[PDB]
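Student: Take a look at the letters that make up each chain.
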Amino acid sequence: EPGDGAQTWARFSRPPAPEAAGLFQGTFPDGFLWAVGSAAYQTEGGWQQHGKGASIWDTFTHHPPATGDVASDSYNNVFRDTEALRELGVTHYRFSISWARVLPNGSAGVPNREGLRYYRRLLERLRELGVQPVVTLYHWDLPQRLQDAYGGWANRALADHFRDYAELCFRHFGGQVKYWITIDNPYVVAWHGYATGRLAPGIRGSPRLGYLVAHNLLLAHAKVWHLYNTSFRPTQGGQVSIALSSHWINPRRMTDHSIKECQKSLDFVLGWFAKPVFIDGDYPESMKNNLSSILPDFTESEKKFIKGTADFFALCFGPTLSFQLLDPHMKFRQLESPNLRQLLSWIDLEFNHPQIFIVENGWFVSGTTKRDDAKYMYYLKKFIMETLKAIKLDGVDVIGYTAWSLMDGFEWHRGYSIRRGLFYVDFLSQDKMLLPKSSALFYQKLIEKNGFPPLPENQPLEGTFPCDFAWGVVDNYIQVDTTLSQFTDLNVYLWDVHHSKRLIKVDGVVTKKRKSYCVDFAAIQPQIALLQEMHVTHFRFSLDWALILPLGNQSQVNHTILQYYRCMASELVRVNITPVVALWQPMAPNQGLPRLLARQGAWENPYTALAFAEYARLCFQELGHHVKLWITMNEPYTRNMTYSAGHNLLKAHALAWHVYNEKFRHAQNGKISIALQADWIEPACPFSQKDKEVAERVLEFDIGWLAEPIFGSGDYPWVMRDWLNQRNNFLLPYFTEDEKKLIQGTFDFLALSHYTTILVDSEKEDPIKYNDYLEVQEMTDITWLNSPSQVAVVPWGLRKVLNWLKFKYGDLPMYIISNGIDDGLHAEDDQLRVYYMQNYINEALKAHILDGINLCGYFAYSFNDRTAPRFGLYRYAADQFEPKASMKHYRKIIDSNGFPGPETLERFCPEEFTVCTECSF
Amino acid sequence: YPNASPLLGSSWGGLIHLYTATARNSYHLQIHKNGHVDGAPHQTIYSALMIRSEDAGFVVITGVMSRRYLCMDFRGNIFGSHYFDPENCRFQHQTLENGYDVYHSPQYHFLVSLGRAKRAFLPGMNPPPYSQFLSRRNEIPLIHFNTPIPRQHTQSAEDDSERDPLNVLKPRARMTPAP
Amino acid sequence: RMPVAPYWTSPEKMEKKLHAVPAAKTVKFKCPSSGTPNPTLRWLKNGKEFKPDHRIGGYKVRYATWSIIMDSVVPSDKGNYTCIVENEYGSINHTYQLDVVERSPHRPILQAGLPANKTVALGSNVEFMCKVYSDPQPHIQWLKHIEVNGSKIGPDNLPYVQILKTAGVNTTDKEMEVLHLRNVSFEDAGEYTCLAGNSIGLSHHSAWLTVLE
Amino acid sequence: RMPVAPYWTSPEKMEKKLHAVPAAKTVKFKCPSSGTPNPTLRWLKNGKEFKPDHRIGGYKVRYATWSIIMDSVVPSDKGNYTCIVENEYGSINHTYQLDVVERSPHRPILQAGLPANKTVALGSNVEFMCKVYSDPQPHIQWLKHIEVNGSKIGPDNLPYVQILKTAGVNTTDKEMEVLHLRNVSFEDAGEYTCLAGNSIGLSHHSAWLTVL
Ligand SMILES: O=C(O)[C@@H]1O[C@@H](O[C@H]2[C@H](O)[C@@H](NS(=O)(=O)O)[C@@H](O)O[C@@H]2COS(=O)(=O)O)[C@H](OS(=O)(=O)O)[C@@H](O)[C@@H]1O[C@H]1O[C@H](COS(=O)(=O)O)[C@@H](O[C@@H]2O[C@@H](C(=O)O)[C@@H](O[C@H]3O[C@H](COS(=O)(=O)O)[C@@H](O[C@@H]4O[C@@H](C(=O)O)[C@@H](O[C@H]5O[C@H](COS(=O)(=O)O)[C@@H](O[C@@H]6O[C@@H](C(=O)O)[C@@H](O[C@H]7O[C@H](COS(=O)(=O)O)[C@@H](O)[C@H](O)[C@H]7NS(=O)(=O)O)[C@H](O)[C@H]6OS(=O)(=O)O)[C@H](O)[C@H]5NS(=O)(=O)O)[C@H](O)[C@H]4OS(=O)(=O)O)[C@H](O)[C@H]3NS(=O)(=O)O)[C@H](O)[C@H]2OS(=O)(=O)O)[C@H](O)[C@H]1NS(=O)(=O)O
Ligand SMILES: [Cu+2]
Ligand SMILES: [Zn+2]
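Chains as they are written, first to last, in PDB author numbering: chain A, 34 to 97, 119 to 975; chain B, 25 to 203; chain D, 148 to 360; chain E, 148 to 359.
No lab work stands behind these hints, which were simulated from the structure alone. Don't take every hint at face value.
Covered stretches of chain A (chain D as the covering partner; in silico rule of three or more C-beta atoms under 8 Å from a C-beta of chain D) [what the hints assert, rightly or not]:
#1 555 to 564
#2 678 to 687
Straight-line Cα separation of at most 25 Å, SDA-like style, residue types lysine to any residue; simulated pairs [claimed, not checked]:
#3 265(E) x 347(D)
#4 559(A) x 347(D)
#5 160(D) x 160(B)
By construction, the Cβ of each residue, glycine as well, lies at the ideal position given by its N, Cα and C atoms.
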């Protein structure tokens, strides 16, 4: 009933659960209709073959040039269409009888038997393959004789002709066809046919003509449905509906004026035909309180005629109406959304829980796109996932899904600039073969799996990480506050105990200064108390090079900051929390450097490498008695640094590593390596070889650029050098033999920083987002859960990048040196952080146990929210630190040493057996 | 069974709200980010104060969401300030014989008030309205304090002729060279 | 005569949402009404109906001004008090909130035995501890009795002290609870005083640190 | 009309002079007269004219019944409140001695660590201190937890007292602080309390006792 759907934006304003509806999987119901769709003018071709009369699309596209005369040539190619239907595995084929082919001269005249036998041959092929037909009687291809003789749908005398034609179809094909659609998209027929001129006849009359044409469309659909219900539904038992296309709309801001404007938008676009047909025979009163002289009036005989006149709700939610042909005056200053789940809930509420056959759905790609459509495939995946969420999590009665455009064809106002096909059609070819796209293979494997079943590579693992696994947290910006809390006052005072306990200063008498300890630093012990609450084994932090040496060189060593760092380290060892310390990080004002070093080229200068070696020597001298696990560079931005900057950064890493290995390793017995950021790079199409080549290229330009000199062969990776040679980019520097033997082994472990995965595609979808340098379209799966800053939590990419680092560089010790997401609001993004940490630590456990890598640590990103805001495991508000729920869940992961299972007596480690630490040498 | 609450002392270091009242209307002293202090009838996050005594009996009132310091000018009108000015922005506290706190400046002598007629603390002689305070402890959770929380309505490609409304195409920023 | 539904005679006197008083005070809640006939008054504490045996001392419920007068208010009186005034032609209600705040205008009471006397080895770690219970905001100081110039005693009979630790506008309340002494020498041996003070007065607890070996 | 001194209008309602009133109560001194004609009412704080800002809280004068009302009375409000009613034919005086007896606006504050957890070395001369802060001298009960019901509280807060040492106004208040205890072996070793309570509330401090 009209008004039941206005609770939809309140139903979905609450955030969903990540652990429940974020890796929401499941299969579709049995008897779900997996369909693929087609039109007549879009695909058939043969615009005059075998005496087919002129449609109004053979006048709009012949100078009202990219016409639909020979579009996909499906009038002659019945066999390859049905072979694509068979290899797609689809359950139903929605196609459209064209009016002008089977009735060229009219119903006052004999039918054209060749077009009728084409549809008969197509239907008998569909019967051979066992696919069921869903047939649109009218898919915008009205004949030119009716437009010429009566003015088209502006006359109410075509409703008889549409009753006659459909009768012919009901007589000829109704024994095979059990699903009929009278008029596909009466919105755009009425509104861009006779009110905007953008579509089929191109009238550009007025909105008055559009509402009169919609009036006659509703009357003609009612006449055809009553013809079927009276004279064909007894013997045949099919179902007749009308394919209504809707947009989805969202408030500009969540006030009830905006919400009633959104309901007014959906009543003006979709309720225009779905309130007569499904509710009461008459238009929405939102339109009857708005344009009652422009909107024509229904006789109450025509209100009982056009009531209940569809057997199912047929929904079109694709790029036809949504974001393309939606009239902006019908948006009512709101924001349209491509949300099919909220729209299906709106259909379920507003129109009395109907059985919804989503009868056209998909997105598009460009016309320059061959068989690699990753954007179409991920829009189709998101759309099928939203219908599965509507069936499962909303109780919407979706009975079928139709992926639109089996093959590429005409696109009605967008010519051939747009491709919506599942099967690639070369329009310049002669055979016009249906080559399966990426979306065809995806949709075939999804029909075969009947949805999204739980994959065996995503189910959680039971097991424990080894003993001396490094459970750590990071804080890249430690709070360096060198204010001493005690023993700073050196004057001597007089304590009048009795008449007072006021304190009188003995002027001139100053005692001696006590030796400063690090109970004096008041900012240290709160942080360590929060770290002891976390139960972490390791705490990672960076030094500020611009604070130790504020002039670049050793002339002005600030021993106060260095004493603060040394006492942070030693008070962490005092409470059995091992400090991991980064020498340099780019997460800083000017590249993590002193301002004298930052103002001299700053990493292009090789003196920055020599000064980093000397600064690291100072840090190993001072703090090195307590820190036994060093990070040289803390995740350099490989996407935002020059090849010479990375060259001298590798040289600085090797010089600091050799300083530690020669001068400081035997004294202190610690380890030192570099931390590199290793986000996973996955091909967008899982069976495209070009996307695999592109994924390996982005992996060698991202990770392998700085990892291959250190962990690999000592040179830059051959993918990188070969890609830059073939594009005439000789800016990647060459290592001399001395430099190559200097950098080739400068690691004690692998420290990786992993947050997300990026999908990569070889095809240039649009050149604005395309990366012309690496020749890659970066993209994302939009069924993945995201953070408020839109980074995808996708946990198997941690396991995949650990396997890639083992494949590329060998069985090295690997520390996941940083891993976390961010927050945006009250408490629902820490459900996302609990989900993230649970599943990413489980995938690290999978990579350790099942894949056999030597994983030695996991470090949660951002200790607190004071230093790295919205990333922290400690909320920082009102100058207090409150533990979030991810703190407690991560502490439970630490204390269990992983995910142990039903029986657990798992220590088995005296005098530790595993070798990734400082052994007997 | 008895003694169901928290002692009678240990709770002086938490966030409080300075309730004050005259018998028609009741407020909490509220320090805004404007620097304008007023009265909120309920415990607002801008009325949560952190009172720290710098001397024995001389308190300093800050306000933790505003990050200000309750100071007082030369005529009695209190305000907020991001910088602690230790000669006017420090107040001598007293408890009256009825159980209410008063806070007066040591140099200007004026009582901290939320009313108009800002007078001076003479002991035992009828303090001005909204000047007798009472330290109500905090009932707001900490999550309600850090609330910029901006859900970023970015609206990529604001025109509704969009080719990518659901944002599949997600480019990462890089550095391309120029040989 | 007239079936007048009851109304507030003055909603100017009824906009005090929260009554936060010290304990042992008196609180009057008023909700003045009019109407034909005189609509009877009822009070509900925390939803349940408030009768004068639910509270020690009871209350005056005098209807000439439509007020409840609770004398000697106890911290077991907090919560909502709803005035519902009713007759056969209508009923209205108004909810007041009563907070009770216990007030201790005393010197800061220090925890007994803290800080305690400590004998310790050379170069060990000693943490002196004092808990301070003050209903006003106290100032805590950690002093050491200095005997450097001559004897312990100054010009008058007041001992020399040095402020080891003091509470400021940047010092957390937990930070002053404990004085830490790392690697104690023989010079770090003597009297350590936790001196707390508010506007009511000053209290102090002393302890002694002696170093063995 | 008639030059007669203004007389009082209370036969036995104007003879309570000594007002022993608890703190934070409301006092109301009325001196009701009928002038010949309309008289002059004035209130004095033992010698000076009592203007309303001489009381923390102020005071309300009611000319309809000639009554001063001082609500939330303080300990500093003691004195001689004087009502003088004049007219043209002489004047009439009256005094009211207000003596405010005071009470603490809190529970009894027990100093923490009193009493403390002991390690009683096999029947010592053990003593259990409890410092109590209260302006009215409170009721003191100890509640030695005995081994009945098993749990500490079962059916609503067991009355575990068996101690003849109670609170008393006549006996001295200093050495009812300590608990003189005898025969301390393993027949009584559990949880002790210090219940001190007054008109506002009860406060308890818990300590353990262990005989080896
Ligand atoms: O100016 C001003 O002020 C201000 O202004 C403004 O302001 C602000 C502003 O805004 C600005 N501007 S702009 O523009 O810029 O903005 C500026 O200006 O600034 C400002 C500020 O200010 S300031 O403050 O600062 O200055 C504003 O304005 S607006 O408007 O805007 O608002 C404001 O602010 C202001 O103002 C306002 O307000 C105010 C207030 O406010 S607040 O908030 O602050 O608060 C006000 O004011 C106030 O008030 C007034 C009035 O009200 O009036 C005044 O007053 C006072 O006084 C009066 C009186 O006078 S004479 O002279 O006449 O005397 C009062 O009145 C009263 O009231 C009431 C009371 O009481 O209270 C009442 O009474 C009733 O009730 C009772 C009850 O009680 S209970 O108990 O319940 O508690 C009763 O009584 C009772 O009862 C009896 C019987 O029943 O009887 C008895 O009893 C017993 O006994 C018997 C026997 O006896 S023989 O004697 O007879 O033998 C028997 O019978 C019985 O039974 C018994 N009972 S048992 O119990 O035993 O059973 C009892 O006892 C009793 O009780 S007791 O306790 O008492 O003892 C009675 O009765 C009744 N009565 S009847 O008759 O009625 O019924 C009444 O009503 C009355 O009385 S009478 O007598 O008169 O009638 C009052 O209260 C007072 N108040 S206070 O204050 O003190 O509190 C005043 O002056 C004022 O003050 S001030 O400061 O303010 O000034 C107003 O509203 C306004 N103003 S204007 O003018 O301005 O407007
Ligand atoms: Cu007291
Ligand atoms: Zn691809």
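Student: Look at each hint and say if it fits the structure.
Tutor: Right, here's what the structure says about each hint:
no.	hint	verdict
1	555 to 564	holds (count 5)
2	678 to 687	violated (count 0)
3	265(E) x 347(D)	violated (33 Å)
4	559(A) x 347(D)	holds (23 Å)
5	160(D) x 160(B)	holds (23 Å)
The structure shown violates the earlier hints numbered 2 and 3.
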